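*Asks:* Chain by chain, the residues:
There are 2 protein chains.
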Amino acid sequence: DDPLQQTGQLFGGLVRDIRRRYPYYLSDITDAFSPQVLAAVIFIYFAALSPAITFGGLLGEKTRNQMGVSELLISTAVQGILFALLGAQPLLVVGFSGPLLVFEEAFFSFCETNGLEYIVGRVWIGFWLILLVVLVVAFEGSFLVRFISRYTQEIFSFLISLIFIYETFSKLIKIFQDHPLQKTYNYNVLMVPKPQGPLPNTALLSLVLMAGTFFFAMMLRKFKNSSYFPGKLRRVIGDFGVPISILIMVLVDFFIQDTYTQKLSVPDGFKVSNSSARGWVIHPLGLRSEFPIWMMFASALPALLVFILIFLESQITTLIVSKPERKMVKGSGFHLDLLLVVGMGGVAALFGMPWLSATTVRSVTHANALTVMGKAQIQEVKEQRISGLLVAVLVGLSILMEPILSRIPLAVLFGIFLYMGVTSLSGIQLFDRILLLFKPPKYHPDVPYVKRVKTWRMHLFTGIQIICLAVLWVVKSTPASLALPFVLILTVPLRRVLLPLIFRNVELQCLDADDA
Amino acid sequence: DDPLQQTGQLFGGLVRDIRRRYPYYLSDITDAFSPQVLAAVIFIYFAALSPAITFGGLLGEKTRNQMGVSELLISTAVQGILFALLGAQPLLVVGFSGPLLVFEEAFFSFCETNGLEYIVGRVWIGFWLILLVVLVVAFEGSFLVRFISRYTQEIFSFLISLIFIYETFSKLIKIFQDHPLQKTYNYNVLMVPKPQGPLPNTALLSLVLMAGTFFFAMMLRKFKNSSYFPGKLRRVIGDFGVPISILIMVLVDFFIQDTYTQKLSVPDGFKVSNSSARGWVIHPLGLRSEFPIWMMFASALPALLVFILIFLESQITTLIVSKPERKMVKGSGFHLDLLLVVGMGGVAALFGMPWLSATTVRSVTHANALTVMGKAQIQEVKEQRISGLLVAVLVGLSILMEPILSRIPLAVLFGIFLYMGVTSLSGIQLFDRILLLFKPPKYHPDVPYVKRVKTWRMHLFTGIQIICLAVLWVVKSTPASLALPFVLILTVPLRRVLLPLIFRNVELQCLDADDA
Ligand SMILES: CCCCCCCCCCCCCCCCCC(=O)OC[C@H](COP(=O)([O-])OCC[N+](C)(C)C)OC(=O)CCCCCCCCCCCCCCCCC
Ligand SMILES: CCCCCCCCCCCCCCCCCC(=O)OC[C@H](COP(=O)([O-])OCC[N+](C)(C)C)OC(=O)CCCCCCCCCCCCCCCCC
Ligand SMILES: CC(C)CCC[C@@H](C)[C@H]1CC[C@H]2[C@@H]3CC=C4C[C@@H](OC(=O)CCC(=O)O)CC[C@]4(C)[C@H]3CC[C@]12C
Ligand SMILES: CC(C)CCC[C@@H](C)[C@H]1CC[C@H]2[C@@H]3CC=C4C[C@@H](OC(=O)CCC(=O)O)CC[C@]4(C)[C@H]3CC[C@]12C
Ligand SMILES: */C(=S)=N/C1=[C]C(S([O])(=O)=O)=C(/[C]=[C]/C2=C(S([O])(=O)=O)[C]=C(N=C=S)[C]=[C]2)[C]=[C]1
Ligand SMILES: */C(=S)=N/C1=[C]C(S([O])(=O)=O)=C(/[C]=[C]/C2=C(S([O])(=O)=O)[C]=C(N=C=S)[C]=[C]2)[C]=[C]1
Ligand SMILES: *[C@@H]1O[C@H](CO)[C@@H](O[C@@H]2O[C@H](CO)[C@@H](O)[C@H](O)[C@H]2NC(C)=O)[C@H](O)[C@H]1NC(C)=O
Ligand SMILES: *[C@@H]1O[C@H](CO)[C@@H](O[C@@H]2O[C@H](CO)[C@@H](O)[C@H](O)[C@H]2NC(C)=O)[C@H](O)[C@H]1NC(C)=O
Ligand SMILES: CC(C)CCC[C@@H](C)[C@H]1CC[C@H]2[C@@H]3CC=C4C[C@@H](O)CC[C@]4(C)[C@H]3CC[C@]12C
Ligand SMILES: CC(C)CCC[C@@H](C)[C@H]1CC[C@H]2[C@@H]3CC=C4C[C@@H](O)CC[C@]4(C)[C@H]3CC[C@]12C
Ligand SMILES: CC(C)CCC[C@@H](C)[C@H]1CC[C@H]2[C@@H]3CC=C4C[C@@H](O)CC[C@]4(C)[C@H]3CC[C@]12C
Ligand SMILES: CC(C)CCC[C@@H](C)[C@H]1CC[C@H]2[C@@H]3CC=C4C[C@@H](O)CC[C@]4(C)[C@H]3CC[C@]12C
Ligand SMILES: CC(C)CCC[C@@H](C)[C@H]1CC[C@H]2[C@@H]3CC=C4C[C@@H](O)CC[C@]4(C)[C@H]3CC[C@]12C
Ligand SMILES: CC(C)CCC[C@@H](C)[C@H]1CC[C@H]2[C@@H]3CC=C4C[C@@H](O)CC[C@]4(C)[C@H]3CC[C@]12C
Numbered sequence: 369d370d371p372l373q374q375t376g377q378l379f380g381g382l383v384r385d386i387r388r389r390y391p392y393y394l395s396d397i398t399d400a401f402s403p404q405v406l407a408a409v410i411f412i413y414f415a416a417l418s419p420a421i422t423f424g425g426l427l428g429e430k431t432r433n434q435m436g437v438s439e440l441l442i443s444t445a446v447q448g449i450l451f452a453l454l455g456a457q458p459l460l461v462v463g464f465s466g467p468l469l470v471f472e473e474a475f476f477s478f479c480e481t482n483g484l485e486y487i488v489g490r491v492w493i494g495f496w497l498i499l500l501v502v503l504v505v506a507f508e509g510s511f512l513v514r515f516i517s518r519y520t521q522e523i524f525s526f527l528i529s530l531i532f533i534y535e536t537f538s539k540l541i542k543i544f545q546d547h548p549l550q551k552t553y554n555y556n557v558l559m560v561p562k563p564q565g566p567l568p569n570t571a572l573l574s575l576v577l578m579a580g581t582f583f584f585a586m587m588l589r590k591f592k593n594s595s596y597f598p599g600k601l602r603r604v605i606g607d608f609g610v611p612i613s614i615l616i617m618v619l620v621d622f623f624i625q626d627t628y629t630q631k632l633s634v635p636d637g638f639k640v641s642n643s644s645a646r647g648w649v650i651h652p653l654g655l656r657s658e659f660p661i662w663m664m665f666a667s668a669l670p671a672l673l674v675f676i677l678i679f680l681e682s683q684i685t686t687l688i689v690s691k692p693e694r695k696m697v698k699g700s701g702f703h704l705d706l707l708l709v710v711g712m713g714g715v716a717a718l719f720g721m722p723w724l725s726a727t728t729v730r731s732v733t734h735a736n737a738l739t740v741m742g743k751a752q753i754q755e756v757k758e759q760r761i762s763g764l765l766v767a768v769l770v771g772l773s774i775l776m777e778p779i780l781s782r783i784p785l786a787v788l789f790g791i792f793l794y795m796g797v798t799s800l801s802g803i804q805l806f807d808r809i810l811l812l813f814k815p816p817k818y819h820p821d822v823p824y825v826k827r828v829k830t831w832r833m834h835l836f837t838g839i840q841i842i843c844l845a846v847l848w849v850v851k852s853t854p855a856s857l858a859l860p861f862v863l864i865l866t867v868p869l870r871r872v873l874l875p876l877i878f879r880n881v882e883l884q885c886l887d888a889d890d891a
Numbered sequence: 369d370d371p372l373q374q375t376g377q378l379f380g381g382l383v384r385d386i387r388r389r390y391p392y393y394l395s396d397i398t399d400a401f402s403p404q405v406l407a408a409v410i411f412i413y414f415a416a417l418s419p420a421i422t423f424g425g426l427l428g429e430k431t432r433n434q435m436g437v438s439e440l441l442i443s444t445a446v447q448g449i450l451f452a453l454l455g456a457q458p459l460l461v462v463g464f465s466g467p468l469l470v471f472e473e474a475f476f477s478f479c480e481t482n483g484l485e486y487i488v489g490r491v492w493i494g495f496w497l498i499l500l501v502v503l504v505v506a507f508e509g510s511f512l513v514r515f516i517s518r519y520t521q522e523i524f525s526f527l528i529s530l531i532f533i534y535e536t537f538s539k540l541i542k543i544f545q546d547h548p549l550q551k552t553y554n555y556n557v558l559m560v561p562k563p564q565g566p567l568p569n570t571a572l573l574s575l576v577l578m579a580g581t582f583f584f585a586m587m588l589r590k591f592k593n594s595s596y597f598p599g600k601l602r603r604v605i606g607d608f609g610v611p612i613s614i615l616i617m618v619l620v621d622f623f624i625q626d627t628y629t630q631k632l633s634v635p636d637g638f639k640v641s642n643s644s645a646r647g648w649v650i651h652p653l654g655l656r657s658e659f660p661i662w663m664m665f666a667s668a669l670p671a672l673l674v675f676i677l678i679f680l681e682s683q684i685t686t687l688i689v690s691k692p693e694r695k696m697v698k699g700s701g702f703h704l705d706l707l708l709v710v711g712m713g714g715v716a717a718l719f720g721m722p723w724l725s726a727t728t729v730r731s732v733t734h735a736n737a738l739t740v741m742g743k751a752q753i754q755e756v757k758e759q760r761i762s763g764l765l766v767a768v769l770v771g772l773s774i775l776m777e778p779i780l781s782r783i784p785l786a787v788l789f790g791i792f793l794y795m796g797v798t799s800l801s802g803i804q805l806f807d808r809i810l811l812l813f814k815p816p817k818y819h820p821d822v823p824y825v826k827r828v829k830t831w832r833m834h835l836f837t838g839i840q841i842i843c844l845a846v847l848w849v850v851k852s853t854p855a856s857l858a859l860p861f862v863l864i865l866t867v868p869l870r871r872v873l874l875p876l877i878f879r880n881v882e883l884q885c886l887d888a889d890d891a
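Quick mapping for you: the protein sequence lines, in order, are chains B and A. With the authors' numbering applied, the first sequence corresponds to residues 369 to 743, 751 to 891, in that order. With the authors' numbering applied, the second sequence corresponds to residues 369 to 743, 751 to 891, in that order.
Calculated directly from the structure, the hints in this document are not laboratory data. Honestly, I wouldn't trust all of these hints.
In this list, chains with the same sequence are indistinguishable; a pair is considered to hold if it fits within one copy or across any two.
To be verified - With a cut-off of at most 30 Å between alpha-carbon atoms, the simulated BS3-like pairs for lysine-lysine come out as follows:
| id | residue 1 | residue 2 |
| --- | --- | --- |
| 1 | 592 | 743 |
| 2 | 639 | 698 |
| 3 | 743 | 600 |
| 4 | 695 | 743 |
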């Protein structure tokens, strides 16, 4: 009944993952029949689409359109469908992540200097990824995930929420920089790719649209837990809170005629970003020049970095989502999900498309959206495969449905990202204890780590975790940002060898507890 | 011990008002020693100044500067000081009101058509006002205030809060109309009296400044009642919540350089608005032409309307403020306050300055600001004469302190007015029952009118009051807006003769109760 356990047989953990979950397959279809599930699809679609559009454009720039938006929309769609149908935890949301973009910029630059075909180079990384994951899953290497405690989990989940919130505000500020509040503006600026010079009212409306969307989202959640209107109506308006918030502020922008705001932009059709550079299928041996044999072997080194990047964020995401506290009964599979994510990623390379990963903020948003609230306590979660399938299909079709998307401002979606980031800081005990730094000890809750631990020692423990977050944020800022996963790893030694010198066993049990 | 009681002796009620309150005079000075009282001064100053600036300008326009801002600042100041020192209820805030402006426009128009000296005409209204109030106070006519029940009080207090909120939003919308969000503007526009044409970023920044100020104000009140920080620090930051909210958003505007926003504007010095038309002292018999004898007698008719206008709003304001629910022990005086307000107003006329009135939203704001919260229940009120004195003095000096005021945006103060309007809808039982229309009857409070009255009959009673508010709002909208006081009066018949046909005695006791 314990997922993270070494059996002895090859592919032991994987067979136990399939046998565990696939019996519930029909339930994974019939549980989706609920308007809450539909409200979840609409929400998580916009969560899933905007990153693909944003990161896809950054790949286009950094890579000379050898990979761009089209490639990432297709990858996100196809890998999204396959994972929704075959995966052990369907509530995970596979997609491109900041760390993966950083690597792609890094590997491109290497190939420019050394005179390699970048897109052909990725194919060999992809072959090594397939070889690595089939070895790991064979010898049941996912069992090591059991040594990642709450301590490391909450440092990770908290950092990822802060970064998410930080980047959203960075995007708002960019608008102000591009379109500053001036006395006079040139009034013949071209709009062909984008506004050439600054224009009036764009930055302040963007702020209003953002602040508007966030407010309605937060208010309709407050309303959901209120005692106004009949419960059946109040629950439904609460479920569709985010889609209502979006629809309101999208109509606000629609009626405001003469003021410019940035809209979502998908590619024209389904075709590679640079048609001259590459086709659909990338040749291993080379496109123009012969691919060198040393790099076919040397690609093993980048493959290990990409593996670790995908593994850590994906397996920790799974831990966070599949916690006992959140009422998920169907069962998670670490062995099966690893194989699909990394396996599909290795194959994607061969069609010049990005390998993806189970991303934390989106996956957690998706899981929270399907959670029903009793009395406030968690009653159950709507664990099904339809939400994840429909979002993957919609992201794929997004190119066809440009007429709808071309009327949605980004500023509106920034409000929904602010909502997602804030809402994600919920069951994290780190955040709870950080708040108790500011409350006096009289008005502290009756949770075990308050009663059984002295207030200053509890605070010392919180402070040490805050110092970890600081060190992680500094490494983030420096050029060596691909090290972040390997610095998270060091949080496991800290907890296991260092902290027991300072804190006694009884304190470390209550503070860093498995089930709470 | 009952204020509203007929003794038999001439000036009986007045002597009992003075004997009651003036024993507490030293306490009315030493109770002001508290930072809460200082935070109240700063708040109520801006509440008191902006109306005087706004209404003063409208008088300037409507009256050809025979009365303007200077006259109303001086009147508000002098009458404010005298009332703070001599009055029976010092928490009342005397000033100009919308109804009074309407009358002044009306009386001016009459004098233009009939060929009378408007400013000389007011002097005779003022003489009649002095004669009326000395008769009323002699024969103890303020005793009739006891027949104004909760029913009429809450219809009045609710209407006045709605109008207040409506007018604030009307001012924001005017900014958008003056400075619309267009694609191209003209930049050679002049700013000598005010912006001639529309300007970019002005309307959306005004909205942000307003929405900003309101948010901080509401959040710092939430914080006051929270369990964060040490209580002594949390209480102080809660007390100075509004002055902090103002200071924040005033600094936001300060650093934003090139964008235009409207600022507070006081007159240059202490001098009459139109020096040619009038001097400081107005001659009864006439300035240029001889004032006619028929109008010296006919002025009795306008005097009755002005009396009723001032009496009703001032005496109902006193009822609302001096309720048992609000812990005010010092004691209110209806006979003394009436004499001062209307007496001072009659004399003001002789110096060509406006008669004023105890205004509801400001007085209620002032009283709430001085209320301390135990545990949430009302512990006590800081009843003193210093708050009201300092605000009256500051309004007088406002002309001298133009350098400070010229950096305060109005948009910021609109946020504080929104806060005042919302906060004023608090202890009104009408508002409470209007909210229960939307709650299901399971989640209704254990107040007597819920237990002892059937839910639909309670709702029928609420609905009849909503129909009164509607009828009052329609009369407001029509040209005959000076009738509003006389339509409020009819709410007393409704309660006393009509409602007891529909509702039984037991229901009317619980619904419309004196102490609750
Ligand atoms: C805790 C609460 C504090 C935060 C408040 C909520 C978040 C902050 C953002 C406010 C939401 C605003 C969204 C709409 C803004 C529209 C702006 C614009 O383009 O103007 C349109 C229009 C201009 O476009 P137009 O359509 O009139 O132009 C006419 C041209 N034709 C005819 C061709 C179409 O502006 C106006 O005319 C005025 C409209 C009102 C605008 C502002 C209303 C905002 C109300 C909210 C007040 C906030 C304070 C707090 C309220 C708390 C409630 C309890
Ligand atoms: C339950 C919660 C309800 C929350 C409701 C929503 C918030 C209500 C407040 C309304 C918006 C007020 C914005 C702040 C005021 C300053 C804005 C301004 O004009 O500055 C522009 C400033 C100044 O513009 P500038 O033209 O002077 O340029 C600045 C650069 N220099 C100095 C070199 C010239 O520009 C900025 O750079 C951007 C700052 C943007 C404002 C900060 C982000 C806020 C976004 C909304 C957040 C939503 C609520 C979050 C709540 C968290 C709690 C859960
Ligand atoms: C932002 C980055 C740079 C980290 C800083 C985080 C702080 C919130 C942390 C770090 C260390 C913590 C402190 C570690 C040690 C102490 C001493 C402790 O007092 C005693 O030793 C108690 C007396 C006793 O020994 O019985 C009181 C809490 C305090 C100040 C802690 C409060 C919270 C602190 C300041
Ligand atoms: C004046 C304009 C702006 C409309 C706003 C007024 C409404 C909010 C009020 C007016 C009369 C009220 C109604 C008066 C009578 C009834 C019937 C009552 O049901 C019964 O009496 C049915 C028989 C029974 O249950 O005994 C339910 C409440 C209701 C709809 C009241 C609800 C609130 C109403 C519609
Ligand atoms: C756009 S959208 N801006 C944006 C958004 C994000 S995200 O994915 O958080 O919405 C990012 C991602 C940043 C990120 C990093 S990075 O790139 O700053 O090193 C690292 C990690 N992982 C760890 S530990 C997570 C997210 C960038 C830009
Ligand atoms: C400016 S400030 N605008 C503004 C503000 C107010 S305020 O603050 O005094 O509410 C008013 C006043 C309106 C008002 C009326 S009126 O003028 O609309 O007839 C009547 C009553 N009384 C009754 S019953 C109270 C207030 C106008 C403009
Ligand atoms: C599309 O692909 C062509 C072919 O690679 C790119 O051409 C490159 O141009 C950059 C400068 O922008 C040079 O550094 C390379 O040497 C060029 N490559 C070759 C072999 O021609 C072009 O940049 C790409 N355009 C897009 C869409 O980004
Ligand atoms: C200042 O006072 C003079 C004197 O009353 C005002 O002159 C009036 O002008 C209006 C037209 O605006 C005429 O209808 C009146 O007949 C004039 N009155 C007289 C007797 O001359 C002038 O309007 C006032 N100016 C200000 C500051 O409003
Ligand atoms: C193209 C290839 C290399 C990539 C895909 C990975 C392949 C090799 C993986 C995916 C699923 C795996 C199988 C899943 C389950 C079982 C049943 C077990 O009793 C024996 C091993 C066996 C039969 C596995 C062998 C290896 C396997 C077929
Ligand atoms: C396209 C962007 C701009 C906005 C998307 C919002 C749309 C899809 C949302 C907003 C509110 C939603 C509705 C809200 C409530 C219900 C009741 C439920 O029992 C059936 C679905 C239904 C009828 C929803 C349908 C979808 C809906 C119309
Ligand atoms: C309905 C569900 C299952 C599918 C959703 C995704 C669909 C619409 C997407 C995903 C990948 C896409 C394909 C990717 C590549 C090609 C090759 C090109 O030469 C023709 C278009 C074509 C064939 C695309 C058409 C649309 C496509 C099939
Ligand atoms: C002039 C306009 C723009 C803003 C006015 C705000 C000023 C007067 C307010 C803002 C915050 C206030 C301070 C907040 C808290 C305290 C602590 C108290 O124990 C003494 C007064 C003192 C020190 C206040 C002094 C006045 C103050 C500085
Ligand atoms: C215009 C207003 C402000 C002033 C004019 C009102 C005058 C006439 C009022 C104000 C105070 C009044 C006095 C208050 C107290 C007393 C004591 C009593 O035993 C006999 C009446 C007597 C002596 C009153 C007579 C009238 C009085 C003097
Ligand atoms: C500080 C407290 C006690 C008083 C507050 C209000 C003060 C500043 C106001 C109220 C009445 C005002 C006066 C009204 C009339 C005149 C006559 C004029 O020819 C010169 C200015 C002068 C003399 C004003 C100066 C300022 C003044 C005294």
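*Asks:* Each of the hints needs a verdict: does it hold here or not?
*Replies:* Hint check results:
1. 592 with 743: Both. Shortest intra-copy (12 Å) and inter-copy (28 Å) distances satisfy the 30 Å Cα cut-off.
2. 639 with 698: neither (39 Å within a copy, 82 Å between copies)
3. 743 with 600: within (14 Å within a copy, 35 Å between copies)
4. 695 with 743: Cα proximity of residue 695 and residue 743: one copy only (15 Å, versus 37 Å across).
Checked against the numbered hints above, the structure breaks only hint 2 and satisfies the rest.
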